[PDB]
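Enquirer: Please work from the sequences and hints to get the whole structure.
Number of protein chains: 2
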Amino acid sequence: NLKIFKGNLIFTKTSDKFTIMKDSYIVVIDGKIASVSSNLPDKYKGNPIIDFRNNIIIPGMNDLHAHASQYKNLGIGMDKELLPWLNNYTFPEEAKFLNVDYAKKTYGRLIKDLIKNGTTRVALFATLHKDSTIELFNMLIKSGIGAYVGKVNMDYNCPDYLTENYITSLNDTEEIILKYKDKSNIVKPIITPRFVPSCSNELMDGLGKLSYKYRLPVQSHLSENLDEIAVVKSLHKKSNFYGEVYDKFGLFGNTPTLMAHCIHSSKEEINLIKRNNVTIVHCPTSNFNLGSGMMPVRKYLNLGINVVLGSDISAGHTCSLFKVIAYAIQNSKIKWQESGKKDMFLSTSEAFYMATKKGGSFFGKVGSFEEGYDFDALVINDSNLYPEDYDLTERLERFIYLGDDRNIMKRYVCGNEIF
Amino acid sequence: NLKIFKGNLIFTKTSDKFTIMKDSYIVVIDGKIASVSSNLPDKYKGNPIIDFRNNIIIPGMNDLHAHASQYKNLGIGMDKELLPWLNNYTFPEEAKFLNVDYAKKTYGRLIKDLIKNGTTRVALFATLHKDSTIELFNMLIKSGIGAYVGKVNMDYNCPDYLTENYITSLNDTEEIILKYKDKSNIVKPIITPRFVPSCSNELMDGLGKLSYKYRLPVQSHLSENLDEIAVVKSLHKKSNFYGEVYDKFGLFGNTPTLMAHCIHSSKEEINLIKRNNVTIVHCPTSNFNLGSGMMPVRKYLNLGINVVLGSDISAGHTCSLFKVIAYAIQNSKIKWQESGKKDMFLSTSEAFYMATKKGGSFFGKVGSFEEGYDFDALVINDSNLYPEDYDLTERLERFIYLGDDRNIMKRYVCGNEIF
Ligand SMILES: Nc1nc2[nH]cnc2c(=O)[nH]1
Ligand SMILES: Nc1nc2[nH]cnc2c(=O)[nH]1
Ligand SMILES: [Fe+3]
Ligand SMILES: [Fe+3]
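Chains as they are written, first to last, in the UniProt record's numbering: chain A, 6 to 424; chain B, 6 to 424.
Keep in mind the hints are simulated off the structure, nothing from the lab.
Using N, Cα and C, we set each Cβ at its ideal position, and we do this for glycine too.
Errors might be hidden in some of the hints.
[Said to hold, decoys possible] Output of the computed footprint for chain A on chain B, the stretches with three or more beta carbons under 8 Å from beta carbons of chain A:
1) 291-300
2) 403-414
[To be verified] Heads up, simulated DSSO-like pairs for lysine-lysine below, C-alpha to C-alpha not over 27 Å straight-line:
3) B:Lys85 / A:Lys22
4) A:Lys340 / B:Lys346
5) B:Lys135 / B:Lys186
6) A:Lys272 / B:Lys346
7) B:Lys85 / A:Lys347
8) B:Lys272 / A:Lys340
Expert: Given below as structure tokens:
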């Protein structure tokens with residue numbers, strides 16, 4: 006199974022700069038990149054060449070945080086702060102997933118939107134419902150894209166119409182794990198406690214045991230809202246900071262861990278994140294829409310902390326990680342300005358790096374056009390943006406700032422075209 | 006000329022709420038709204054009905070600040086704050102408008118982009134060049150959209166490739182004024198000193214005299230960047246604040262005046278703005294892109310200050326005022342958070358109000374569906390956004406957050422369809 010793609014390649018091997026290869030070739034064998042060069046090796050001559058001409062080829066987007074079950078509230082109900090917000094629109098929407106048919110329907114729309122926007126790998130929070138989450142697993146597997154799917158664990162202080170017993174929660178979680186742990190190579194389970202204020206100690210310890218037992222990655226929320234933070238230290242008077250409680254249960258780095266937002270994290274929480282090698286998911290659109298605050302990304306990057314990007318949909322108003330890239334840069338420009346121009350804002354390559362190679366690394370060797378990497382890619386047709394007047398770097402930047410899904414001509418995950 | 010439109014009408018008579026009229030009629034005579042009602046009067050029973058069915062009809066977008074000559078820099082060169090950005094990217098690009106053909110080509114692309122995005126009235130900054138600006142006037146008159154066009158006055162501390170002397174600057178400005186202060190009814194001239202840092206006392210004085218003589222509106226920039234502000238106090242050592250400099254020369258409210266950004270305005274400047282009935286043009290996208298800062302919109306609205314929106318293109322990355330609306334709201338949410346939640350963020354209706362009825366009032370009776378107003382409108386087809394699941398308010402919000410020009414099916418200016 007060999008495929009050869011030709012076009013203008015743009016990717017980031019490192020965060021400081023773009024690697025640009027005009028009219029170059031990418032040879033894919035069994036879904037993985039075997040060769041990337043400006044000249045087609047003779048050992049591959051005679052093979053069909055999928056020539057994308059003057060179009061741009063870039064790696065796919067890797068969204069490390071999105072709530073699949075909140076798709077319907079996209080662009081709606083953003084007049085309340087995190088906690089109040091959940092109670093008014095989010096919980097009522099997620100509760101609807103008790104019905105598997107509603108789930109099939111909504112997740113169907115979600116998946117088509119993700120692919121349409123060029124998201125090739127995504128870390129998703131589903132709902133506490135087992136059957137609907139199982140349906141999401143199957144639909145994702147059928148779609149061809151990669152993903153970490155997490156049945157949501159929430160048994161504490163939740164609404165009567167959207168709550169669960171920790172005993173059932175754990176049994177359902179483990180049941181899901183056993184069913185999908187070895188099924189697909191790109192759609193896998195991930196331990197997903199919603200967050201401290203929603204999980205009892207019983208639940209968290211049980212989830213911690215599951216993560217260890219099955220060597221599974223973890224995902225959850227961290228220091229997104231001030232009131233949220235006050236609730237955590239209130240329920241847990243023995244903790245000095247938010248992330249400490251997760252760590253107490255073995256859900257803070259023992260295995261690859263994703264922590265969303267991390268806007269108001271204290272110095273200690275930051276050090277722990279660094280120490281335990283936790284990955285921070287920067288969700289700028291969500292931070293703006295919910296009025297959560299503005300994350301100091303340069304400060305975290307200076308400390309060597311792993312930072313990726315997430316759409317955090319519903320809270321975040323868009324599935325396009327390209328739009329998330331723009332907002333991350335814009336958010337960083339304000340941090341730069343407030344710091345007296347000391348904390349350099351993000352360059353286009355740095356944010357693009359987060360979206361591709363860095364985020365992709367959570368899923369495996371994906372996110373860059375280098376030998377051995379899965380071929381997750383997008384073909385960008387920017388013919389409506391006067392491309393003739395700009396170099397390749399400017400064209401990618403303009404696609405990011407001025408373009409949209411209309412410019413995405415093709416999607417590939419592990420060498421397979423996704424429709 | 007009589008025309009009758011039917012569809013779901015959404016507009017804002019006031020900023021606090023939307024007026025929604027499902028399947029209602031708008032009768033237009035000679036370009037102005039004759040009536041707006043759920044039922045069509047018997048008087049027109051024989052007239053054809055332009056039925057837009059389930060589509061949405063909203064007034065056009067009124068962009069109160071954009072640099073027409075910067076169209077080519079959209080999406081690129083945003084890695085520098087104001088001053089160095091001007092010296093390195095903007096001035097060099099504007100210098101090319103010495104060539105009238107480059108101007109016709111570039112301005113042609115601009116106009117198509119504005120119309121495509123639903124901007125029906127726009128306040129534009131051209132370049133200091135007389136011939137190219139005259140061409141812009143002519144092209145806008147041909148296009149059919151409304152606009153205030155301003156040859157840019159800049160004679161102080163400007164590069165050799167982009168400067169003029171105040172005498173010639175004033176002569177060309179008056180030449181243009183006499184040539185267009187009657188020609189078109191919706192495309193008119195506006196006094197345009199670029200801003201204090203590049204305008205001599207002689208120029209500003211001469212411009213204030215022209216403004217008074219021909220009773221013309223004024224448009225400029227105000228307290229957008231800290232270094233810019235520092236330059237003004239340094240050049241005008243006796244001024245108490247930036248805005249005072251413009252007022253000294255009669256360029257601060259004697260006639261309708263537009264002042265863009267107003268991010269770092271002092272308490273005294275703000276009071277002068279309210280006192281002199283000056284209009285603040287909020288340009289959120291630009292403020293993020295150049296790391297200028299974040300404008301405190303609620304603080305100004307609480308003082309009863311006039312506030313409208315501008316794309317500020319090039320600095321701002323998009324001609325879509327719908328995107329600008331989203332950004333203004335998001336920017337306000339962060340200000341709300343930093344104010345301990347005391348200064349409420351903008352509601353969708355408030356920002357929409359700025360873009361329509363308020364911004365429109367600067368051009369005349371435009372921006373709302375009420376008797377007497379010019380019929381500037383857009384027909385939104387949101388069929389790709391699962392409209393069947395949302396009410397009209399939600400549909401509009403979803404168009405603002407998730408939609409784009411592809412949902413803009415038709416646009417009208419003064420009752421005439423614009424292609
Ligand atoms: N962004 C976000 N944070 C959360 N914390 C708990 N629930 C949620 C949710 O649904 N969205
Ligand atoms: N945003 C912005 N501010 C300015 N101040 C002076 N010139 C400019 C310009 O071109 N853009
Ligand atoms: Fe989230
Ligand atoms: Fe400007």
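Enquirer: Does each hint hold? Answer for all of them.
Expert: Verification of the supplied hints:
no., hint, verdict
1, 291-300, "holds (count 7)"
2, 403-414, "holds (count 6)"
3, B:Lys85 / A:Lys22, "holds (18 Å)"
4, A:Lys340 / B:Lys346, "holds (20 Å)"
5, B:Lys135 / B:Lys186, "holds (16 Å)"
6, A:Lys272 / B:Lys346, "holds (25 Å)"
7, B:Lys85 / A:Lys347, "holds (13 Å)"
8, B:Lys272 / A:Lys340, "holds (24 Å)"
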